[PDB]
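We begin with a single chain expressed as structure tokens, specifically the form solved without ligand XMP.
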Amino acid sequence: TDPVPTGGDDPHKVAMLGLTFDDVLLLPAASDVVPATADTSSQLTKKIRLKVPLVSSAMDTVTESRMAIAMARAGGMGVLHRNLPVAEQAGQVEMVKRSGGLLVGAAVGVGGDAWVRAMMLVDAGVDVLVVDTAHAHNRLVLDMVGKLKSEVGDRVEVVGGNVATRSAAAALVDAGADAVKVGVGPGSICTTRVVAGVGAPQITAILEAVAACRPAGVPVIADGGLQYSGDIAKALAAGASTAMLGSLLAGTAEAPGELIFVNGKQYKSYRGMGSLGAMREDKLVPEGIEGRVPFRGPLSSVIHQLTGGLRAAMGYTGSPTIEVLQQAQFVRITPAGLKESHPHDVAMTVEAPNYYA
């Protein structure tokens, strides 16, 4: 436990120190890898390996069929959002399936209606069902995962989330999950940690979930909080097998929504699925906000920047594969270390394709 005395007589009350992406850097190591020779393939689930270890979020401002098609063509996968009627979601799965036999996932909730939705998605040819919940360590979520796996698990892979602890990941593994999705609160548009006061910083959440999942051979999906290509490398080094992205993809041409023009600039709508506008869950109050992000152009170019940065990280850490990157070491840093990591003491005059102010 956290050794430092911070009050009371119970040393387990404050149980650990949580780190997130900006708290760590990957240490370079001996290398015979250059970005060109790195292999970025990685398991999405026990049975499915992607060429690029990225998936798009199941949000109504990120992933519909156009995004799912573009993600699969880029070597990743999209998870179709579930904020729409069951027949429309199933229709979108079909749209993706008839664009080349591309991989696709789709989100479902828990309960009878979610069950009907799942069954329809499976009939439509979905490859991955994602049981998409705020708190997967609730007994009802574990049941849903276990039952889908029992009924359709031969035909479809079943992902469960979200979790932020070792015990929750362990419960999902025991329920038969084919992958575990980690992230309680880190999302750019999420307010769970603020309105409920609940969560775990994302690097520690990954390390803890992986401590349960890795020995069981179950891939971890790092969901939320990623803003730069280097964050993907950190998530994967912490032990995740793939990263799920919302904000980084919401600004692309393929994300749903029309372009927003404000003050000579271009934006796209991006909102939490727990935001008032989205709910319109078991929630009594919202756990997200509604906002906008800058327009970033074609998905393909964004993914090229992200995989290029990941490949650089693999070259620096001497990792020929994602499986080796998962063994890399971190150094913890201070606020000055973070300031030093970004550009500092200079005015940027030109935008970089992989770095914005």
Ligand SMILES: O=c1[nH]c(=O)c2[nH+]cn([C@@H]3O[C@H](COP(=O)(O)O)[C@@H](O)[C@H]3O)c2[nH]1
The other form holds:
Protein chains: 4
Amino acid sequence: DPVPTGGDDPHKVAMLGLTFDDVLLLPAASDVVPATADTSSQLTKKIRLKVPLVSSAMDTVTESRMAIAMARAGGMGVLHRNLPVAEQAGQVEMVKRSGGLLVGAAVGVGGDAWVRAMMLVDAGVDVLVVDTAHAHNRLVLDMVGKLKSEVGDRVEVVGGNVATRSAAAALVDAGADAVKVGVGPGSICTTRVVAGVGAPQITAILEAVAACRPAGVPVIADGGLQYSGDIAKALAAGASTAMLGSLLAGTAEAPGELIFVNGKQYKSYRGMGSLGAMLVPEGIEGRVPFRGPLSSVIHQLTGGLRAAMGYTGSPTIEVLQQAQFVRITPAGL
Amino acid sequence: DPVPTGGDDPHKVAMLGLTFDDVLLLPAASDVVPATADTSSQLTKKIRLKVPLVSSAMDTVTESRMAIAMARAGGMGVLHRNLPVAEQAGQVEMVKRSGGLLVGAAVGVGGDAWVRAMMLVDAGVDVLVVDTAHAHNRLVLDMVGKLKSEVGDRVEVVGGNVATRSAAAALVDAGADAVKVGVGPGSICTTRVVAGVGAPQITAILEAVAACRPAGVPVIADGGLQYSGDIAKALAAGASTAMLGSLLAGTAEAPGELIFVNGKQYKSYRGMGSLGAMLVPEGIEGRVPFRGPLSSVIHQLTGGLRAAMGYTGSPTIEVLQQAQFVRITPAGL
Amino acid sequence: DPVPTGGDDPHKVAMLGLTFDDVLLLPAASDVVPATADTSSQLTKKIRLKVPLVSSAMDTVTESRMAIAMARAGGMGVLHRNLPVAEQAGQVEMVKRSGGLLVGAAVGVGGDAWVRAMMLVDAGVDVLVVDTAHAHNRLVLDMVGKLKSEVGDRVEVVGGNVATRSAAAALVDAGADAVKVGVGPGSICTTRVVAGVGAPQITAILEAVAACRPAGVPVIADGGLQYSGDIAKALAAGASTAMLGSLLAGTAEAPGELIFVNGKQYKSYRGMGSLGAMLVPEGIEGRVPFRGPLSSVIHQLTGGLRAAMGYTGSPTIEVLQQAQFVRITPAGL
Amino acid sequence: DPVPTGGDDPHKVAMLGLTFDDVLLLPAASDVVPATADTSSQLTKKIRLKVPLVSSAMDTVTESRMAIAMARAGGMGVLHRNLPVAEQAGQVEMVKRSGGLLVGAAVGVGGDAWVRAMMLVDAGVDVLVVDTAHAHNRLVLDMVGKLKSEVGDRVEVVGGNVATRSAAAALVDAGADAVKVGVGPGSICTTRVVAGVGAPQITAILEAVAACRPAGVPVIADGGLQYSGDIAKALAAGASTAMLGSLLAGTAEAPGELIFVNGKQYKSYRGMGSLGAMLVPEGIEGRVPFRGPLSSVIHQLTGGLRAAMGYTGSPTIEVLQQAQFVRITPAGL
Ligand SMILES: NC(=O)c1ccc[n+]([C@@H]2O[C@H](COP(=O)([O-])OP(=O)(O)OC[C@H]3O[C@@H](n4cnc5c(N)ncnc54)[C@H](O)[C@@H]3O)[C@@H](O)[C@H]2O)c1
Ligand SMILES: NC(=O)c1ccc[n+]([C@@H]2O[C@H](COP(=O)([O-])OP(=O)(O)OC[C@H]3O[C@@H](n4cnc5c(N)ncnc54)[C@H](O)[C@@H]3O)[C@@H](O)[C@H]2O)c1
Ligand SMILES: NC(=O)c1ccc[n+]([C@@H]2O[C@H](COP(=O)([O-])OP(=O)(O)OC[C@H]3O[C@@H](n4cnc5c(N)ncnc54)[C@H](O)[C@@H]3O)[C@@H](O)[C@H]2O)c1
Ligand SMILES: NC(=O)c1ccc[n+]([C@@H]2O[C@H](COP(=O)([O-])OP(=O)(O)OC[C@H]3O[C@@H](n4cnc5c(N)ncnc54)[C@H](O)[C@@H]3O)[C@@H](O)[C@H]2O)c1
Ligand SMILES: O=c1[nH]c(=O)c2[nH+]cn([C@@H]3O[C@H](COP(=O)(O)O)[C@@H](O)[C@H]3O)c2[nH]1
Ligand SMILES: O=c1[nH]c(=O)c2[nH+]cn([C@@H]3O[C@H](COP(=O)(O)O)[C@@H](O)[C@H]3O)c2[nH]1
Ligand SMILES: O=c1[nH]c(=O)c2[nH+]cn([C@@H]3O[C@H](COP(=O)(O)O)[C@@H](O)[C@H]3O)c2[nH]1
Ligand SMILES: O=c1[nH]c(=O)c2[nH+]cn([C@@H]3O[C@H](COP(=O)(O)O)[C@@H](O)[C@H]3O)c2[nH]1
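Alt. form solved in complex with ligand XMP, vs. the form solved without ligand XMP above:
Starting with the chain above, the whole complex follows.
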């Protein structure tokens, strides 16, 4: 008898992938109210954040202003790599000189990326993010391993992005201090349309965590978070932090100017694989509603997270990571 | 082999949650026609209603005018608690002086809520509703138990809201005279977006009833009812009454004035967790179509319920609670 | 362990109901081309149609003009019962005098319905349709049995509507010469919203056929057919004929006049349970695009059916009833 | 106990059919970057293409200009058969005289189709495509066998279209040099609405490949490809090439003129079963956005395919055919 969806191979369709909108967190017994919840969580093996949020390494999201504001809000920014090495290293220094704030910076793969990494380390960066669409490529695993052996106890090395248990395991073996998850889910991502490739993000987190948690390696959920409720869902699936692009792109601190249209305000937001950022693009150029100061956006996001922690009876993010989901049907939206 | 939706824990995604739109009632053998159906049902252990409908404890739904009209229609109102204690107690007296009509009133948790409760009991209220977003919080279970031990044979004590079997069981153990179900489903609810928390309402009722029915405790289905057909579905899932917000907010008797727009009439309707009602809000402020007199709305809702009773062969609500569902696909809408 | 959708009763959600849009017919080996297919099929035990289509007993679909045109096209009309007995009987005579054409007529339940039935039989009707929303009501089963024992070898007696195997079996036992299926699916039906009751139509046909086929009783699929492809699907699920309302309401022969709007033409179409037709209505009043002559509409519908017969390798409707489905996902629409 | 979807036959609903939008390709371990991927693949047993793309045999897609451009781009065109034999044969000669480019041409079934085929072979065509809606009809299998025995080592003979394992197996037995898959999926196809017949295309490919691959016969995925990502999905499901209609209809090289509307440009695109092309039509007449030169469209499509190959670690199309899918939910779109 055939597999009900076709052919005779039961592993051809390997999984059923759930995204954020497919699940809700179940309320549970609680002695936690939103006010008493503790939102701190590991970004990497060595680095703990007060607020488990990181801004995306995108040229419409994180330059020094955003990185400073994120660190002051208890999270962290990852400086984007679409600018000369000297300028990126300069922005690292601008952040570190603003009171010894934490900061990360993105690098790619290869010789130029190596020079960039060494300059960032010299400028005092806390976290290097090897920042790629496909960390299961051998070249990315090599870059992560080479960085960790060279500068590994002066700096934390994050590898990404992955969407499977096997890819997460490979980054763990290469020595990553955190594993970043997300292939396909970004709001400005067209990888699913252009390449037909991706993994729904709740399932991707569940799978990456199955490799990373037994190894003591934190998982960063990256892409597709549209609402504060999604942050609670990502962390409950086992992520330790979430990386945000679109939710932060509309803020005052994000690079780019205010666009006034029809009495409404917008800001430019674009994929780092868009034509404008870079050809077969895998990102789009768009705009998002203007959201005002970063500090207030983060307060709303953390407020939603704290509500989820109270509903699930989670005093800490570590307990939130043990919460359960109910799956919902299309009618549920 | 992994769980097909991710990870190695088969209980991480604990349930598949159905909402009202996911199911239909199956017609069955019948010697009932809508005219002969008996719609009476227990609100609490001690209180039976002629019509199994309760109006929401919301400041755009139930003040004394709505409570009087609901009781005269054979149901009951629950007076909202967004007003001073003296005024809420006054409205209880206004209802009781209108012919010994049944009335309930909402209270929260804590010292002020206690003073409020004692005043309501003194004013002659029939039902206290401990009225919270999360009754599985230890503080709410304590409030329910404290009220029941103190004023428990003078007044009925309802606890809510819950969305799981374990939460319902906890309220039963605390001594609730009814258990109110609904976390996430309200029309003006943004808990699912803000906190990422909720449970689809048919599954939530089925689970709460699995704890409550063996204990002889009635379940009140609260939130997400959009159509008269949903009332029949909630009761068939095992609820004994339904609580209505949006379906009653448009009525003449609801608080608030008529809004004339484009020759159409509306009334304000808002969550009790909205900014206007209260910060990270979990409700919105909106409007609903004006619906005319409450009496006529209730006649239409009970007419739909009676039709369902005839189709399912249910002469009483107790038999309707034994009816079966067919699940439908998205194509079914 | 609970049922995954809630509670501890695996039969509470009894079925997964498929509708027409949930399935496609699988192509199969074929020596049939659309031109050679034979579309004849049993309407009842004793009556075979050349084209397996019947027009709905609705006052915006079938009066004598439609009945004459349907019979001439190789199908049949069922005259509606929203008119005096004398007038309905008169229209039966008008059809029979137009060349001994087949005709049916609807009756309800009770004394007045009985008088109506006797007059229709005297006027020479071929088929009485006991025409109700819920044939599993004991009163309807009694009417079917009483008619069959009284006038049963002069006239064929159809009973409906049902949506389950048990209801179909009950009509078989009462002596129905055909069983009509459809509770909830009609285009102008609001039973699913008002009463929350219904059964998706492919599953309803599959279940009714499981009772009717072993008893040699034909099944009429009634309601929810939107496209010619749906007729092939209904017959493949095991129905022997299909009854059409909305697909025929726009035709020249349907009662009602042409409505000109924005250079487009419409005709009124309304449920027989609508306010205008009859209170808690379970039908709506609307309009449908004007479609021109009935003869041309039937040619298009039979052409689609013949195409399906060629694709499935079915030379006759009896072989089409053995065809298989593939289920499709929401993405499939 | 009944089948959960109705009746007592577990094979009545035979399969669950997935389409392109139901799945994503899973990233895997990779030493492939888009630049190093090899996109060559078998069109037929004897013919390999550099780019695994074929243009549809439609009179709004492929005449000699499109066929020349497709062959120069490394793919192939199939000349449509809605024109006199002499003219179609002439266009074959026009292509062959443009540098010994590969070309195919469509024929139907019967005596006239035979004369057409012989003229095409004499004009030097490389591939005859027996071009029908239903190749599991005995008449089509006979045409394929007759052509292969008569002209079979001078020319390759493709048979289509099929949507099942059994139909693919029948074409293999008849001697097809490739099997073309797609019943129902075309953008301008109304077979699913008119006849109610079809098979979702990923499942159809998986099933056809289960018959064809063990026989060494290539599968051409035909219809429903909307995005470059769909090409990667079709090939991963086991197809060896993809045939494109709508994605190529907007190009400069496609037959038909530019339609200027609202400052936007369009081109006519119509099914070959549409009224205009040919009655009960199973295709529609429409328009598609103007896309510019074919060469640039093919570069974008191959770029998406190469990205998918890098993500899946596939250096060749043969390895891409071993990639795995994750199924997504409706929420996933
Ligand atoms: N999402 C919501 O906030 C929500 C949901 C349902 C109803 N309401 C309505 O809003 C009004 C205020 O209700 P409320 O419960 O927000 O009032 P509240 O602030 O008075 O809280 C009362 C008690 O409920 C518990 N609680 C509430 N939310 C919690 C959470 N996220 N985590 C842990 N415990 C929690 C706490 O024990 C708290 O002491 C009421 O009228 C209620 O009917 C709000
Ligand atoms: N939802 C609907 O009301 C509905 C559905 C299908 C067809 N129709 C059409 O509307 C017209 C009136 O049909 P009707 O059946 O409402 O007529 P009706 O009022 O004449 O009822 C006839 C019999 O059907 C049974 N019945 C009908 N609805 C029932 C219910 N909810 N519960 C139990 N028994 C019920 C009763 O035995 C009743 O005596 C007919 O022409 C019919 O074709 C209505
Ligand atoms: N739904 C459609 O009609 C459809 C589907 C795919 C492609 N097309 C395109 O339309 C054009 C005409 O194709 P066609 O196959 O309609 O041409 P056609 O009328 O020339 O038929 C050719 C042969 O296909 C078989 N066939 C076709 N439809 C059938 C059915 N419903 N049942 C049984 N056998 C059937 C018959 O054996 C017939 O002799 C072609 O260019 C084709 O590519 C049409
Ligand atoms: N779909 C996308 O292109 C995508 C996805 C996520 C993030 N981004 C962002 O865009 C920017 C560029 O990222 P990038 O990875 O495209 O940069 P890149 O071109 O610098 O590639 C870096 C390395 O990633 C690997 N890689 C990337 N795409 C691959 C594929 N399709 N197949 C195999 N290996 C592949 C290769 O080893 C490559 O050497 C970054 O800022 C990143 O955050 C792009
Ligand atoms: O497929 C992609 N193409 C792109 O061009 C692109 N640019 C950024 N990113 C990724 O998207 C994340 C931001 O996602 P959100 O806007 O949903 O927060 C980021 O954090 C990245 O992981 C991309 N992904
Ligand atoms: O999540 C929520 N945020 C809020 O601000 C809010 N206010 C009311 N309620 C609840 O909603 C119920 C009314 O729901 P309906 O409008 O769907 O009838 C009510 O009966 C309550 O249970 C809220 N829920
Ligand atoms: O629920 C209902 N309320 C009504 O008022 C009503 N009127 C007709 N019918 C039924 O609908 C069938 C026609 O359906 P279509 O328009 O989909 O063909 C008809 O053939 C009937 O079975 C009704 N059903
Ligand atoms: O059902 C159909 N009715 C038609 O009239 C018709 N014309 C073409 N085709 C088929 O559609 C394919 C093109 O599909 P796309 O536009 O989706 O690429 C083509 O390659 C054909 O397989 C038809 N199918």
